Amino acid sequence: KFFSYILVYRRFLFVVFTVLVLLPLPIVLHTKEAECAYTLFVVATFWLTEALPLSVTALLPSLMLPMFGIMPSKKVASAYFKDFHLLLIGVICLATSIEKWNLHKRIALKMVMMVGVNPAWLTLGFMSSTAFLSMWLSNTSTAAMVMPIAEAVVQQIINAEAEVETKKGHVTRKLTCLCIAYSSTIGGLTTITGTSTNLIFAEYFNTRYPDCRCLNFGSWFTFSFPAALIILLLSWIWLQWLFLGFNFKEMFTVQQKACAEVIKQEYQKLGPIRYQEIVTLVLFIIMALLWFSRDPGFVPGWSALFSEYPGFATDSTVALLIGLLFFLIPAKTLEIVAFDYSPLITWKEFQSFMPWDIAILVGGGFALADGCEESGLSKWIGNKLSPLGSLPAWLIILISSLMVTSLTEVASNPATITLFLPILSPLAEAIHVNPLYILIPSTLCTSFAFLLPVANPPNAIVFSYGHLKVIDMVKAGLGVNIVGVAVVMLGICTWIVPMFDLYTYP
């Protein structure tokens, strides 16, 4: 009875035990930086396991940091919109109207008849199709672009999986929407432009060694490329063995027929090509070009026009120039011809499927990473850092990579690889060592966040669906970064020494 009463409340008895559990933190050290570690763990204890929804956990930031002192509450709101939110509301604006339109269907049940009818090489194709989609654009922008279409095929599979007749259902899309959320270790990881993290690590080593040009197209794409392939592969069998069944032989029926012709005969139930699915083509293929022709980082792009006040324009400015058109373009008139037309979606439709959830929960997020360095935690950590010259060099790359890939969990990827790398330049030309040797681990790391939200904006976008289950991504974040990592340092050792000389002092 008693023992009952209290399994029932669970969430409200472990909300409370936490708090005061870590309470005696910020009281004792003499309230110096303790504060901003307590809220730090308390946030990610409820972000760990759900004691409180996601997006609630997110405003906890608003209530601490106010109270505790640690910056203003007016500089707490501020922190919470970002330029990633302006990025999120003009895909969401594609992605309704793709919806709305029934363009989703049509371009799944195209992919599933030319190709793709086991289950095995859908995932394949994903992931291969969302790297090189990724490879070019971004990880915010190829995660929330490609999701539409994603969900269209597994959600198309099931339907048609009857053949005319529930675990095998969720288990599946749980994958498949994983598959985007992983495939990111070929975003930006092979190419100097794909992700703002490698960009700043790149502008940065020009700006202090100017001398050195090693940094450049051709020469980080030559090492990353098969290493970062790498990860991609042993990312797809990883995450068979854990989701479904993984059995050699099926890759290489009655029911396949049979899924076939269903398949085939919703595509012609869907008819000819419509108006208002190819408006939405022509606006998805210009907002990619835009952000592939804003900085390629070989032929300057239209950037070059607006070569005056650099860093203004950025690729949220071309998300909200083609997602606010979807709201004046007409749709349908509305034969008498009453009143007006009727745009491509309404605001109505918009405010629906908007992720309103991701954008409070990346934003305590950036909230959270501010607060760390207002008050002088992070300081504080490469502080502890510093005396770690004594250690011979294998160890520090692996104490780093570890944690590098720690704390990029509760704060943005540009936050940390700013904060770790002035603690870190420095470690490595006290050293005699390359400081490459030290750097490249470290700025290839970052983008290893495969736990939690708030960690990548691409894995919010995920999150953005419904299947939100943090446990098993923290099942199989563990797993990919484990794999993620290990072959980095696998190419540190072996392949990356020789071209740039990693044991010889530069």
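Residue numbers count along the first chain shown, from 1. Compared with the form deposited in another entry:
For the motion between these two forms, the hinge, where fit shifts from one rigid part to the other, lands on 387 out of 387, 272, 299, 74.
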The other form holds:
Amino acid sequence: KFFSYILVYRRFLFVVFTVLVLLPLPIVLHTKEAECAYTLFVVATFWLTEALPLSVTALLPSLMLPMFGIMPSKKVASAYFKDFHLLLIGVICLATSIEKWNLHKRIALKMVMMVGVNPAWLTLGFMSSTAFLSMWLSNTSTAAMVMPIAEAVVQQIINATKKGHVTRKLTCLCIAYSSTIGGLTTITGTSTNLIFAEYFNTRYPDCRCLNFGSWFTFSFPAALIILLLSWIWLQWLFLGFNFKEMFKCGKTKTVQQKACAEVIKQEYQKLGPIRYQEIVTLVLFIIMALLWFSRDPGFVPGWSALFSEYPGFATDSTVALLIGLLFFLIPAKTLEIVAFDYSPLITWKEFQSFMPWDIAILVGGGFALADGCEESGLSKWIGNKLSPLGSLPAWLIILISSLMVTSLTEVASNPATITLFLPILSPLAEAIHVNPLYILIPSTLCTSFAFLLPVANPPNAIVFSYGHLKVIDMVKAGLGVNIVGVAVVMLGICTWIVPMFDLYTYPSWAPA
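Show the other one: the form deposited in another entry, since we just had the form deposited in one PDB entry.
The following holds one chain only.
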């Protein structure tokens, strides 16, 4: 009966065993580096294994670093909140306004009406729309908004079962992948890009090459190539390739295709005419995008010139918060008195939901762990021990680092992997006498390449929650898309990334 008892309480016993077996490392080394390494190993073990919720393991550093004497609790608490959180609040307000008034339904239905009911073109339409939507919103929020809509659309198309099951698997997987693919494009698209940008700006304040325009101009071609290749791979793997009737215009449509078009048109008509709340939300979203462009792109710094007395004070989070708080003020619904006043188009009770407080805590914990790693001296020791590896040719170092980051991001969340690997790859970066961007950009791009397992990133879990998918087919599709993404990233780094960032030579802003 002991075996049953130890098997049932696996998580608690594993937590205790992990805490105890690694305890000799700080018990006998008498160094701050050993204690920080113990904290890092415990946190990474609980993130990869998922013995505890990710937010609890994120709160562990604020519990472990002060007691080890590495850094005061005030400093850790300050590190638990950063600029990324303000931008997250603004974007979450925008996404709540979009979801609440069914703007995404209108966009998706107009998209489906424009594209058609041809399954290959239809899946391409969902991938493009989800990528464009995730270009500004977070990948998790974008997937959560788009998955129910596309699921209902494909169910309606099928109704008007092996083929339908394959089609719904394909649409689920393409939504899950396209969310991340679109998130790659911009700094604000996903949390991983934000973490990388914050870390790069803090560690190298001198460097200023990472702007929104530069990030878009070196990420959009690669992301577009990966999107097209992933669409082709998915439609070949699941639906099968029938180009003869695909590219040729089917003017004489079959009865079932025209029935599907008619039922989609009926659904759109049932959705109703565009309302004023949706117009206000769309206008505010467009203003957000235009002002994110408007900060210094290198052509005309329209927004940054007005504030050319205090540079760096106002950032993308400032405009994000501006529009998000505007969403808290514009009247939407008036009101036999019926409470007199209006409704602010977003109530704080609605923003309390739709808001990833767990993700905020997780990112704060990762930032606190990274800061403790820098302060305790662990990063310097890792760089010193990894210095002899610098004699090896650089391109293989980038290849290996990207491969390890990709492999370890299937089991750990993207913020977890990026927060674990930035303080390891950076000291390696200036230990070799190589440009830090040359190693960091491929790693932060490949961190998002998490497609094998539903627990890899939240979008995959959200998509898998519908039950149409199976783990093995998801593994096949993830392997294909991951190979495509890694190949495209390597091709970009070799060919067109280096002309603009001058990655071949060592930069001035990097330490000597």
